[PDB]
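*Asks:* This is what each chain is made of:
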Amino acid sequence: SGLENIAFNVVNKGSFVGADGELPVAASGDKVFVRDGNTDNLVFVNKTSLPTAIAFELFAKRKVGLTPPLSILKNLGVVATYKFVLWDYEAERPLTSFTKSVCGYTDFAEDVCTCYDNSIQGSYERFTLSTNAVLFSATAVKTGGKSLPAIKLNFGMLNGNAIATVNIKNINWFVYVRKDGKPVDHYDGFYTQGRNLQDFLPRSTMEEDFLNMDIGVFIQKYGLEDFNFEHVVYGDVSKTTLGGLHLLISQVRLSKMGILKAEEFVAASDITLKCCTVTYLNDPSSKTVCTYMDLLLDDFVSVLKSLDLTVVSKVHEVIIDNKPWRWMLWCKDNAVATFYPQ
Amino acid sequence: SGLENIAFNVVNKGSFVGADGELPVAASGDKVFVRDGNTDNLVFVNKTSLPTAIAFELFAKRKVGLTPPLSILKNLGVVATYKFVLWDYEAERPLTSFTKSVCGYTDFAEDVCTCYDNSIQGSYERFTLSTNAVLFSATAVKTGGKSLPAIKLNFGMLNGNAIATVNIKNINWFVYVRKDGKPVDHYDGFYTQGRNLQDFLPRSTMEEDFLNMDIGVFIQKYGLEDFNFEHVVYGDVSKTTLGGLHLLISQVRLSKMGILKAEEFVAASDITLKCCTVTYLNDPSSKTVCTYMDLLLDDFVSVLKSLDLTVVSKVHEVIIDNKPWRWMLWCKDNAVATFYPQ
Amino acid sequence: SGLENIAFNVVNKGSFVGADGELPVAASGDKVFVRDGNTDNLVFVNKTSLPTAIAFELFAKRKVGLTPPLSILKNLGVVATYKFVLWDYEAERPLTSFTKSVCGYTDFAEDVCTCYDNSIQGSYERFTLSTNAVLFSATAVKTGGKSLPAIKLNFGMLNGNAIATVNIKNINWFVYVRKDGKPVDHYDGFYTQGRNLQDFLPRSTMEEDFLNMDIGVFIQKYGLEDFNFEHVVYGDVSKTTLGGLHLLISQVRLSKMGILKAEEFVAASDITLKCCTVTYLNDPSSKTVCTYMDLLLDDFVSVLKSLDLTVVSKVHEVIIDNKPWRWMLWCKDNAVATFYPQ
Amino acid sequence: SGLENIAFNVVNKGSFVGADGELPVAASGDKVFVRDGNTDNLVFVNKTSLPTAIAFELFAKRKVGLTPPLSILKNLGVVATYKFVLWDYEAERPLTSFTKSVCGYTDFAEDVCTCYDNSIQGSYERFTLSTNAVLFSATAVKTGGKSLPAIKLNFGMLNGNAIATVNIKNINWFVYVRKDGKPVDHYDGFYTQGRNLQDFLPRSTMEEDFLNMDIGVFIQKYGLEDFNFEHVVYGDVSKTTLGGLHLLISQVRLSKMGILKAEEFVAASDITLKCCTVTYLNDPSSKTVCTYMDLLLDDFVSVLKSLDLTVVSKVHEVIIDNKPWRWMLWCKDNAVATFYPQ
Amino acid sequence: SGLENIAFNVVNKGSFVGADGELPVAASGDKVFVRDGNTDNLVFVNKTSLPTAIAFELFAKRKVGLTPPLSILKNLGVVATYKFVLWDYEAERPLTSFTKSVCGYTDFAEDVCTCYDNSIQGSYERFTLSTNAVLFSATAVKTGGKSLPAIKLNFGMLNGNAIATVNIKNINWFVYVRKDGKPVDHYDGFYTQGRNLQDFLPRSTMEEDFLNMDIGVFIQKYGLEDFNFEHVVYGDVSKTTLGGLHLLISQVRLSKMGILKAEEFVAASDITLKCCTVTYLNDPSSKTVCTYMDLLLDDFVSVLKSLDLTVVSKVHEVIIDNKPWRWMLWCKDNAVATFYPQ
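If you're matching them up, the sequences are chains F, F', A, B and B' in order. A prime marks a further copy of an entry chain.
Residue numbers for the first sequence, in the entry's author numbering: 0 to 165, 171 to 346.
Residue numbers for the second sequence, in the entry's author numbering: 0 to 165, 171 to 346.
Residue numbers for the third sequence, in the entry's author numbering: 0 to 165, 171 to 346.
Residue numbers for the fourth sequence, in the entry's author numbering: 0 to 165, 171 to 346.
Residue numbers for the fifth sequence, in the entry's author numbering: 0 to 165, 171 to 346.
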C-alpha cells in the first residue's frame, strides 16, 4: 500500500510485515528519507543498480531472521524469488535483480528457474509444477509416509549472520531441486559455511583444535603429515609472497597471531569460490590473488584423504555447493606440494 | 494508493483522477520511468528542489484544465494549497513547496495562509474559519441573497495556457481574501494577464490596434501624444541600448518586425513584475535589465492618463495583482520622458 | 564569508571558527572537495536531505567539543537552534532541518520553539522573552531562591562521544524550558545516558558490578530476586528467539560473552526509545524487534523497585528524558514475568 | 562575496555586477535553486562538466552584452580568460575549463595563452608582457597614431546572438595576438559569421540576393557558371542522398522551401568547421555527414574565383578564423565538380 | 581494451594486469556494476572528484602490492605518474588528478614534475632526461659501482598497509630527484612512517619500550628527563583539554589505556603533517586541533636531543619527508615546556 506504508513498517518493525501506518518518505539519489516532523531521517542507502525507492522496497520485503545460505541457491541457477526476497547483507543487494509477485518494477513474468520458500502459502504447489525450480524449507518434504531426496543443511544464516547447529540447538535447511521437469535424484558434495573472518566460530572439534593447538600437535592428532598443511592451510608467511592459505579458517588463525588484512575482490555472501588480496603486517607477507573457500575443516581434510599422492599433477574435481570445482594438486615424493582451486 | 497507481493515472489520464490500475514506476535521479514490458518510458523530469517521486506526485495532483492566474495567489501570501496543487507550467514546479492534505512529505501542519479551491468539497467552510486564507471559485460567494466582496477576473489559464473571455465565451475567477481574522473589504487595482511572447493574443480593440496599426495612427486614435509611447511602449531600437519597452505586448509587436529574443531572469508564471535581457537582431539593439509586466494595454494607458505631467520626477504607486508597485516617472515640458517600474 | 572561507576553517581547524583564509571548494553530488593544487581532497560526505554545500556549512557551524545530550532537546520539541547547530554524529545530520541566524537556506523566520546556547552572547535574553524555548548552559541559573528548576545533567557528549562526571572531573549541563509564556516549574524523571554498544563505559558501582560479577552474585547483592533480571536485563539466549534484553548495558554484557550484532532500525543519537534487530552467534539467538534504552542501571532498578508485583498486567508510565513512556508489566506470583517499553 | 551574493546578482541583474544583497541558494545535482520564502526557484541548470555551484558562478561572471565571436579565440589557442569568462550560449559552457583571477576552483596558475578584455583595468598591460596571449577591444589599440595591427571584425555577438554592422550601426572587434614573445605581424584570412539556421540574417547584397532570387538569375548576376553552385551551395535534394550544401546559408535558403532539419554533431558556438546530419522532408533527401561553415557568401565566392579549374583534384588551403583549412576541389572540363572541406 | 576488459581484470585479478576477457560493466552515479547474468554486482564506489568510470580505470591501474610511501612523493611536487597510478587507500583517490600515458581523460600533456617507476620499462631513461622529475626503485640506481645518491627508505607500503624492514625481511625504496635540470646532491632529514592508529606496530626497541614500559622507567632508560615527554608524547589527559600528544604513537599508547577517538581533519595517506580532533572517554579529555606526525620515536627523540633548552621560545626547522617544518619550542628552567609543529 505505497512507499509511505513500507517506510512505516521499516522504521517500526525493521522490515515490511503488513503493519498499518504511514510515514512520509522520499528517495533522493541513493538515499531514502523519512520526514519526522522537523527532521529528515536517513533510513536506507542504496548499493544496488536498482532505482533507490525500489531497492528499498525489496530490502523491506527480504526474508528476515532465519534464512538458507545464498551461494547454493545462486549455484542452482535461481533467477527470481517468489513472494519474498533474499537479501545479500554483505553485498547489500537482493540475490538477483528479479522477483516474482513481489514488486512490479522487478517482477519477471517469463517461466524461469524460480526459488520458493516453503513457509509461504502455496509455494510448494507452484514449485512441484515447475520445469526448473528450487524449494527451501525449515523441514523435510514427502509423498507417502516416506519423503523427498534433498539437500540437507545443518547450518544457516540469521539476519545475515552465519549460524550453526550447536545448549542443544538445531539449525536445519532442506533444499530441493526440480530440473528439466523432474525431481533431482540425489545430491552430492560438501557445502561452504558462509562465515567471515571477523565473526568466525568453529563448528567442529577439529576446527576448535586448528585454532587452539600448536601446528605439530594438530597435524599429528589428525594424521596430516603427507598433506602440506603448513603451506596449504596454515599459510606460509616467511617470504614476501604469502604461500598457500586457501581456507577462511586459515585467515582466522593467522589473524590471531598478528595483523591480517583480507580485501575481497567482490563483496558478496552468495558466492562459493572466494578471492581476496591478503596482507600480513607483522612478518610482512601478502598474496595478491588469494583464492579460498569456507569449507568445514573436516570436509576439506576428508577431500585431502581421498587424493592420489603418487601423481605429479592432476586436476581434481570437488563438488561444493552443488557444483564441480577444479582443484589443482601438485605432489612430490608421495606428499602434497600444493593444493588450490583453479 | 501508491506511486504505481499514480503512474497508472498519469500515463492513461494525464494526471491523478483516482482511476484504478497500476504501472511499475521508479524515480531515478531527476527522472520518472514506467516499465512497459521490455521498455522503460520516461514520463516525468523533475525541475523542482523536491525529491523526484514527490515532485511527480504533486504534478499528478495539480488542478488540471481551467485554473486561476498564479501571481495574485503568490502576492496574497499563499503558503500552501488544500487538497490540490497549483502547477507553474513555466517554471515546472508547484506554486510553493507546501501543501495541506495532499502529500505527507510536503504537508505543512501549522496554521498558515492557505489557498482553497471552491470546487472541492468543504474548502469554503475551512476557508471561512481561517485567520488568513484565500479562496478561488468559478462563481461568486454570498451570504443573504447578496454576496461577498471579491477579486473578479475575466481571464485565466487553461493547462498553463493563457485564456480570456472572448463566439461568446465567459472566463471568470472569483478570488476572496480573509486577513487578520476577517473578510477583506474591497479590492483595488489592475491584474497582469499571464500571457507570453510566443502565444500572445490581444484581448481588447486597443491591443488589436497596437499590433496592427501604424505608430502615428495608433497614438492619434487613443490620444497618447503626451505619453512618450514610442519610447515607453513601442521601444526604441535605434541605439545599441534598447530604450523603454516595458510591456509584454511591446515585445510581441517588435518581434513581428524582426528577430527579438527575450531571456527571462527567472522562469516563472506566478510572478507579477517580470524581467529579461532583450535582444533585437535586425537593427542590433539590446537592454540587459528590461523590466516589464503583461498589463492589459487599456489599463496601462488608463494609468498614464492619471499621471501628473508637470513634475520632473515622482515615484507613483500602482496597484497590480493586489500589490503596490513603484513606478518611476520622469517628465519634461508636460510630456512623459520615461515611465518604468522600480 | 563564503564557502571558500568555510572550507579553509574546516580543513585547518576542523570547524568554522572565524579564521581568515580561503580554499577552492565545490560540492559535487553528495561530496565536497577542496582543490589542493593538483589534487581534489574529499572533505565531507553528505548524509542529510539538504543540498550538499548547505549540509557542509551547518556541519562546519556545529557546536564543537562539549555538548548537551540530544534526545532531551528533541523531546522538548526544539525546532531550531539559535546561532549554532547541534550535530547528530551518529545519524550525520543536524538535530533538525532548521536554524535561526545560522544559514539563509535553513533559517526559519517564524516564532517557534528555539534552542539557545547560553555560552553565546545574547541567547539568554532572547530565550527569556520567548513563549516557547529551551536554554542549555554549563552553569545553572541563579537568583536567591535560587537556581531555576533545571534538569541538572551530570553527563554529556564530547565531539559526539558519550562522557560522564568521573581523577575528579565534573560534567554538567543545565537545561531550562519556557512553555506557553512562562518558566516550567519543575522537572521529573530519569535521563538516557547516550552511550553506544562499542564505547560503553559504566557510570556507577552497580553498573561496574553488572558487567563484572556472576549473575546470582549480582542479583543477590542488589536484592533483585523478584524482578526477572535474568530475562529483562541479562537476556535469555537459550531459545532461537532471544528473550528480554531491554537496556544498552544488556547488549554490552552479552557481547563480552560472545559475538553480538545490534542493527539499529534508524541510526540517530537524538532519540530516547531505541530499537534494533539483535543477533547472538555463539548460542544462535535473535530478536527482530528489540526495544531498549540506555538508562543508568541504578535508575532502571529504582523503577523496578516501585512497581506493584501483585497485578497480572499493568501499563506503567515512566518519565525519561522529560517524556512519559509506556512500559508494559506482566507479573506472576509476586515476581516480574516481563517488563518492556510499548 | 559568496554564492548568496552571486545568486542575488543573477536573480536581480541577470549576472554578477557587484550589487549588494543576498539570497539563499543551493546547488542540488545539476541545478541551482534560490529560496523565495515558501518556494524554491530554479535559476540555473548545469550542462558543463564542472561542479554546479562552480558552473553557476562562471556563468554569472560571463561577459554580458556585446562580445567577440568565439571560434577565433579558440583557434588562437586561448586557454584561460583573465578576470572574466566568455560564455558559449549554444553549448552552455565557458569557452574553456580554465580562468585566471575569476574563480579559485577553475583558476589556472601556470603561464599559458591567456585572453584579455581591454575593457578591464590592467588587462592590456598584462597582455603586452606575455609570451603568448590574445587581447580583444572595441577600440583599435595604438602606438603613436598608428597601431599594433589587428584582426578586424565588423560583426560580433550580443548576449549569444549573432549581430553585424548594419540605420547606421557599427559593430567592431579588434583582436590582437602575441606569440613566442612578440606581436604577430599581420593577419590573413576570412572570418566565420557565427549565425545559426533559425536566426540567420543576410549581411550583404549578394546574401540578400541568394535568399531572394531565382537560381539562374542569381548565378548569372554574380558570374558563377563555372562553380557548381547548384550543387556546392544551393544543394541537390533530388536524390535520397542530399548533395553538396556546404554553407549555413545553404540550409537557410532550403528551409525556406520546405522542412529542413540540421542536427549538429557537437553543439558549440566556438568552433569554425561545423557538421551535422541534415534531412529535407518534402523531397526526402539527407546527408549523414554534412560539413559546413558560416562564411560571408562574398568571401566564399571570392575563394571560388581564385581556384584553378584546370586540375582534376587539388587540396586547397583556405585561411578562416586564423587557421588553414583543407578544402578538397574536384574539377571537370574547367568547371567545379565538387568543393568541400576535409 | 575497453571498460569491459578492465572490469574482467578487476573482478578476476583484483586489478588490471592485461588479462584477456570481458564482463559487462556500467558506471551509475558513483558506483560501478558488473552484470553477472541475473545480478548486478557492485565492484567499485567512487570517492574521487573524477567521473566514476575514469576513477574506476585509474584504480584498476594502480601499483599493486609493494609501494613507496606517499607523502614524500607529494612533498617533491609530483604532479603526474608515468604509466601507472599510485592509489591513496585511505582517501580513496589517486595521488594526484593527473597521469601520463595511463588514461586519456586524465593524461597531462605538458612537461611537468613526473614520477617514474623504475620497475617499468623505459621510465629511468625518461626520468634522466627531465628538468623536474622523481624516480623510485626497489634497487639502488647506479653509475659505476657508485651512485646517484638517493632517499633511502627501510619501510614502505603493501596494498596500502604500512610495512617495515623486520625473520629477516628487507623493505627498501630508493627515491631520486632531478630538479632545475640536474640531480639533487644529497637528501637530509627524517621520514614519516605511514602507520595508523589501528594497525600500528613498533619498528624499534625504543618504540617497543614506549608502548610496554612504565612512564618513569621509559624516561629514565632513554634519559628524557629534560624533555617534557609526559606532556609532549605521552599526553596529559588530566584536564578537559588534553595536552600535548603530538605523535601517532602517543595515540596508540593512550588507546591501550582506554577508549580513544582520533577524527582526522582530511583523510589522506599522502600527507606528512597530520591533524585530528582527539577524544579520550575514560578520563574525559579532548583536544580539538591535535597536530601530529608518525615519526620513528628514535628520530623524534634525536630531534629533542639537539634542541637548545636555554631559550624561552624558538621556532625550530625540522626536515621531515624532504621538507622544512616549523616546530615551536617553549622552554623553562632548561627543560622543555612544549614542543609542537606550527
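Check before you lean on any hint, since a few could be wrong.
Any copy, or any two copies together, can satisfy a pair, since identical chains are not distinguished.
Below, a list of computed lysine to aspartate or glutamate pairs in the EDC-like style, where the Cα atoms sit at most 20 Å apart [to be verified]:
(1) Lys82 / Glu21
(2) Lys260 / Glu21
(3) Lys145 / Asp312
(4) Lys327 / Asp35
(5) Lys243 / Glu211
Don't read these hints as lab results, they were simulated from the structure.
*Asks:* Now tell me if each hint is right for this structure.
*Replies:* Results for each hint:
1. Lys82 / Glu21: Answer is between; shortest inter-copy Cα gap is 18 Å, intra-copy 22 Å.
2. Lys260 / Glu21: This pair counts as neither: shortest intra-copy Cα distance 48 Å, inter-copy 38 Å.
3. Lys145 / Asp312: neither (37 Å within a copy, 54 Å between copies)
4. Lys327 / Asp35: between (49 Å within a copy, 17 Å between copies)
5. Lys243 / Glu211: neither (26 Å within a copy, 25 Å between copies)
In this structure, the hints that do not hold are numbers 2, 3 and 5, in rising order.
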